[PDB]
Structure formats: structure tokens, C-alpha cells
Amino acid sequence: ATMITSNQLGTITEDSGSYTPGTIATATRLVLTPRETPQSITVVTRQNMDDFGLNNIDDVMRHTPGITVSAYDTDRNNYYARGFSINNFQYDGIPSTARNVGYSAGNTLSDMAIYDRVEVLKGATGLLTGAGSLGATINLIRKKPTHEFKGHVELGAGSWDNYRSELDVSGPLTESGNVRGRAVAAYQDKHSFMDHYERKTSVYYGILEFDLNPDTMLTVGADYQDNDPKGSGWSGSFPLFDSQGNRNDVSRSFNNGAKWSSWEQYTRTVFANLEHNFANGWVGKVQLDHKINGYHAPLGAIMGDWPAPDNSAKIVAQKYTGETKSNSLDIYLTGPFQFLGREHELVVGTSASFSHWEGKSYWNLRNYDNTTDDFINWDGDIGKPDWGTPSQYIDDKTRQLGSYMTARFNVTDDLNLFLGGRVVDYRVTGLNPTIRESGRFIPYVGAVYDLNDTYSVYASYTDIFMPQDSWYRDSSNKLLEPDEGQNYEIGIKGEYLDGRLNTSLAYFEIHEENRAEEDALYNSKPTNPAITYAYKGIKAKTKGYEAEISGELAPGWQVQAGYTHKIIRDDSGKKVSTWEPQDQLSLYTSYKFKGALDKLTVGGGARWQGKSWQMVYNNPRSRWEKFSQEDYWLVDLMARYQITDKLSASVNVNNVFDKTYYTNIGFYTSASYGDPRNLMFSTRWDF
Amino acid sequence: XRXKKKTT
Ligand SMILES: *C(=O)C1CCNc2c(NC(=O)CCC(=O)O)cc3cc(O)c(O)cc3[n+]21
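Protein chains in written order, with our numbering: chain A, 1 to 687; chain B, 1001 to 1008.
This is chain B alone, in the form it adopts within the complex:
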């Protein structure tokens, strides 16, 4: 989910 962006 919710939207965004831990490693990617």
C-alpha cells in the first residue's frame, strides 16, 4: 500500500 518509498 500506502504510498511511498521505503527502498524502491
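Pulled out of the complex, with its shape left as it was, chain A reads as follows:
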């Protein structure tokens, strides 16, 4: 018929083995091609994740172009987006409130085995997502059930006793098709080059659809991922400084962690939602959502200038437990709007979210000896001390509301205007100095002009803010106004062949307001409660350019790659985010062969980042020290052979040259090495 392989969220990727995307509504909730989208965008398709064996999300952020994957500890990584740290995840267009990573749970790792694509929206997301963070907003998208039947089961084992396996099954459940359903689940247990670390995750998910015509699908389902790591290290992989001695040298596989230390993060969620097709040529969607992010973290690790002369080092132990539920109501109407001349479109919409995070933390240990026989050569084996009584409780509930409305006017059959905004109110009624904000306006303004039938240009003023935590207060005792910012963008995009190939390069400049910087002088802290410690709020500026291609480079030649020049400093200040390389080159590509051996595909890619540095502190000598990560040229090859019409055979080797490099260097004075040469064989479906 009208060839509906697309949808509300936008044309799917589990088909067109083309690394380039189809239509993303992730920006204005209004379906649009990339070119028709006036904000910087970069998306990892499914045929891409597949080719390179990008199993968990991390394995995507590493391969996403423009983003930098830095680490904290074994089970915690951070994503760098345009000078800032990405901290906004949007599942099927829905944001999440597992905001704080100190008590991280679920976000930094989601087995892809269930999504069709992960669309990252660079710039200022505020329009759709409420309070959030500058940089980018990740946006996973689940697998929606297939009309005709389809499914598969994949196995596969990689290095360090890395074994995994999923199973995808979808189709109709009644002749007519009034009802369609899909179920998928995967299992993965792997160790690591690092000693005693052996995490195992598992994910189940079931989604279904209920037709009735314009009484369009009352689709519903629920997913659940469970990460139970053991031997989890914490903050870095090893302490940068020994007792007082200079630097510390240690195997690529040392692990400050405790054999028993682990950071179990789990997330289960349920959604329900029915879309409706109105006759005016308009459609309105309504969705409910119940999700929960819990965390079971009984950490145990050795930290702090510790390889002491007598070869022994003390170790901090601490336990953190917590779950955090959330309900979300999001309804929206989006369709053709006649004003004059020709039809335009609006997308009136309002949302609501009721979260509730409660949790404990134990660090008032009892009857414990945290000293260790010897440092060097150690398999993080120490007693799992008895955590006394919770030493800090947590009972906070946030009620973020807000309504929005976006306009896609077109003065000319080339130039279209984007007027619109999202107002909002934030309420975090909890156990600490109650705070809330309301009536703040987040604006959305952009326009695209169609030059040749090919290239086109856009400009944009995206915005976003974030009511800050209570920790942050100023000289007096006021929580520095919310951390806000706007992304000033201008670039030109270009598509070729209905949308098989797609290019774009733009100039983005971000301006940060009230950035939370630790007040300095303030040691001679005068009486007032804000006493002890207080931060100040100073302005920051982030400017840079970005360019990346993606799509059908030839006949069956897929390629996606990008380069990004970034620089960020604070009011006539220094360079902040010195770890996120000022320049980065990402290039990934696969080619299927012609006739001769058209039963074989080959691919590979490479990333590059210029000098990376951090500013630590050598307590033992008080003298501050610099640390730089020379250069980065990482390459990885892949290959896959379709031996039978139904049954694939492939193999990826992720760090060809085995580049001994650093992933983090200035975290609480630690460091973590980099996945040395990976290797993973796989086999596709059937029997």
C-alpha cells in the first residue's frame, strides 16, 4: 500500500541495512527527516549495532560519533557530549529520573538486545524533555512487533569467558492481525581482562499491539534488565600515587576492587499507550509509564595514596541500596494547521511525571580491619565487613510537570520556521530543604532553507535548564539558581537518493549560566549554616564545529563517520572538560561483496582523539600535577559470512593493535586502563 515500514517515532531500522536513519520525531515530536530537522542529530541504526556486535549501550556510545566514553569505575562510565556530560536518557521518547550517578543504576548499561536504534540528540533538548543537562539527550527506542512473522536466536562468545545469547520473536497472534506481539530475552556472562571482575546480566521484554482502526493500537508491554556484577572495583582501577612515592605502575589488569565488591543495578519497566487517528488528518497519542531504577551497591575497594612502603594499603568499604519508581503521563496532538497560504503543523502536548526515590547508604562500618597484607599483586580479597545501621537515609519525590507546543510554519516551499516552547515547573518535595521552580520558559526556535535539491541550511536556539541539588549553595546559603544553557547552532545538511545517504556539518556554540563551581577562598567559612562548604555560580562558554556522514556510500557500502572540534572555558577562564578531546575522528564502515562471494561482508572502523589531560592533586607532596593521554588511534576489524540462507557466522576483533591506553586519569585520583584487543565470534538464527 502506502508502504508503511515507518511509524510515529519514525521509520524503523531492523530492515534497511543502511547505517543512515529515516525520520526522527525525537526532536519536535513531529516526524521529520534529518534535513527537515533544525537541530544537530546523530543516530546509530540497527544494522549498525548488529554488524559491530555493539551489545550493551556503552558499546554504542563508544561507537557513536561525537561522544567520548570516559570511566569512573568498572560499572560506571560517563558520556561526553560537546564539552558537557550527557545525563538525560529518553526511552521511547520518555525521559528518566535516575539522574544522579553517584548512586547510579541502569543507565550506563542497557543490553541493546531489545531496541531498534538509539538516537542521540546533540545540543539543547529542553523542548521535549523537561529539566535536564546540556550537551545531548540519548534516546533508545524499543523493538515494535512485526506484521508478518519474524524472529531469531543469536549465540556468541568473546574474550575473557565472555558468553552471551539472545532470542527475538515477533508476529501476529490472530488471522486478522488485530493483535500483534513480540518477545525477546538475552543472557550474557563474561569476565574481564581485569582480575576477579565477572559481571552477568539478563533481560526479558514483551510488547504487544491491539488494533481497532483509527481506534489505533492500545499497545502495551514491559521489560526488565538485571545487572549483577561481582568483583566490582570503585573509583578508578588503581590509585595514582603510592604512600608518598611518585607515580604508581601496575598491570593493565589490577583492580582496586574487592572480590565481593559489586554494584548490582537493575531496571524493570511497564508502559501502555494508545494512539488515535483523527479524520482532520490529525493524530493524538496518549501514554502511561511505570518504571523503576534500583541499585544494590555493597562496594569494597582500595583507594588513596596506598601502596605504602611496607607494601600494604587500607581500603574504603561502603554499601548503597536504593530503588526509585516513577509514573509518567504524556499526551499529545500533532497535525496539519491551516493559517493562510498553505497547511502547516502544530503539536500541542502536555506531560506529567511522578517519581519517588528512597534509599539508604552504609558507611558506619563496625568491627573492621581494612588494612591489607600486600598491595602489588592482589586479587582484591578482603572481608566483606558488616555494615552497621544506615548512616544516611534518602526520601525524595519529584513532580515535574509542564506543557508544550511547537510550530512548523513555512514562509516558502523551502524555508520553514520552528516557533515553539516548553514551560515547566519542578518540585522535589523530599527530606531536604524543599525546592521547586515554576513558570520557567524553555524556547525552541529554528528554520531550514532549501538551497539546491541537495544541500540545505538551518539555524537554532535550543534551550534547557536544571534545578540544582541542595548540596550547592553560595556565600550566604542559597542553592545557586538552576544550571541553565542554550545551544547556538548553524549548519548545512545534505541528502542523496530518497535518503540512502545523508551528510551534515554545523557550528554549535553553547553558553552556560550559573555553572556550579566550588567556591575557593571560602575555607575561612563564617558561621551561617552554609558553613563547612559552599560553591559559587559562574558562567561557561562552549563553542565548536561537528561534521559526520552516514548512509549508502555505494551499492552495499555502509559508512558512518564523524569529526568534532570542541573547546570550553569559563568566563575569561581556563579550559574545563580537559579530558574530552578538543578534536575527535570516528569512522566505521562495512561492505558486502559482489557476485564472486556475495555471501561475505567485511567491515571495520577507527577512532582518534587528540591529547587528553587532567589536573590531579598529589596530597603526599601537596604539589599539583598534570596528566596527559598522548594520542589515540583505535582500529577494529570485523567480518561476517552468511553460510546458509538462514544462519550467519561472523567475528569482530575490537582493538586490532591492542593500544595500551587510559580511559580515565583524574577521578578521585585514580585511573582505569583500556579494553585491550577484544575478540568475539558469533552465529545467527534458525537451527
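Be careful, since some hints might not be right.
[Stated by the list, open to error] Listed next, the in silico DSS-like pairs over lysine-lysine satisfying Cα-Cα at most 30 Å (straight line):
1) A:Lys285 x A:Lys397
2) A:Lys478 x B:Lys1004
3) A:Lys314 x B:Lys1006
4) A:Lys541 x A:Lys626
5) A:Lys646 x B:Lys1005
6) A:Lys646 x B:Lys1004
7) B:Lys1006 x A:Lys397
8) A:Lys626 x B:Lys1006
9) A:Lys541 x A:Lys594
10) A:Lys539 x B:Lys1006
11) A:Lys626 x B:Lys1005
12) A:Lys384 x B:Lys1006
[Claimed, not checked] Here are a few chain B residues that face chain A, going by a calculated C-beta distance under 8 Å:
13) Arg1002
14) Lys1004
15) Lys1005
16) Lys1006
17) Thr1007
Treat the hints as calculated values from the structure; they're not laboratory data. Don't be surprised by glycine CBs; every beta carbon is placed ideally from N, CA and C.
Could you slot chain B with the ligand onto chain A? The hints should help.
Chain B with the ligand in isolation, oriented as in the chain A frame:
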């Protein structure tokens, strides 16, 4: 940042 208490 975020709030509390690894060694201090
Ligand atoms: C405060 O003590 C800190 C140190 C800096 N930030 C930070 C982060 N990460 C961020 O949100 C900023 C991005 C970055 O440069 O890292 C995470 C955490 C997590 C925990 O658990 C703790 O204790 C501190 C912390 N901080």
C-alpha cells in the same frame, strides 16, 4: 560533586 562520602 555528588554527594556523599567516599573517604571524608
Ligand atoms: C564530586 O565530588 C564529584 C566530582 C566531579 N563530578 C562528579 C561526578 N560526575 C559528574 O557528574 C561530573 C562529570 C565529571 O567530570 O565526572 C560523579 C560523581 C559520582 C560519585 O559517586 C561521587 O561521589 C562524586 C562524583 N563527582
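Results for each hint:
1. A:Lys285 x A:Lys397: holds, 27 Å
2. A:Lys478 x B:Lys1004: holds, 19 Å
3. A:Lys314 x B:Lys1006: With a Cα-Cα distance of about 13 Å, the restraint between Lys314 of chain A and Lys1006 of chain B holds, given a limit of 30 Å.
4. A:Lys541 x A:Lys626: holds, 23 Å
5. A:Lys646 x B:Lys1005: Violated, at about 54 Å.
6. A:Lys646 x B:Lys1004: violated, 53 Å
7. B:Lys1006 x A:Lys397: holds, 25 Å
8. A:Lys626 x B:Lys1006: holds, 23 Å
9. A:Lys541 x A:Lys594: Measuring from Cα to Cα gives roughly 50 Å; hence the hint is violated.
10. A:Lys539 x B:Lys1006: holds, 29 Å
11. A:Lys626 x B:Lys1005: Status holds; Cα separation ~25 Å.
12. A:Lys384 x B:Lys1006: Cα-Cα ~17 Å, so holds.
13. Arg1002: holds, 4 Å
14. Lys1004: holds, 6 Å
15. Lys1005: With a closest approach of 6 Å, the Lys1005 of chain B hint holds.
16. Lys1006: holds, 6 Å
17. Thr1007: With Cβ-Cβ at 6 Å, under 8 Å, it holds.
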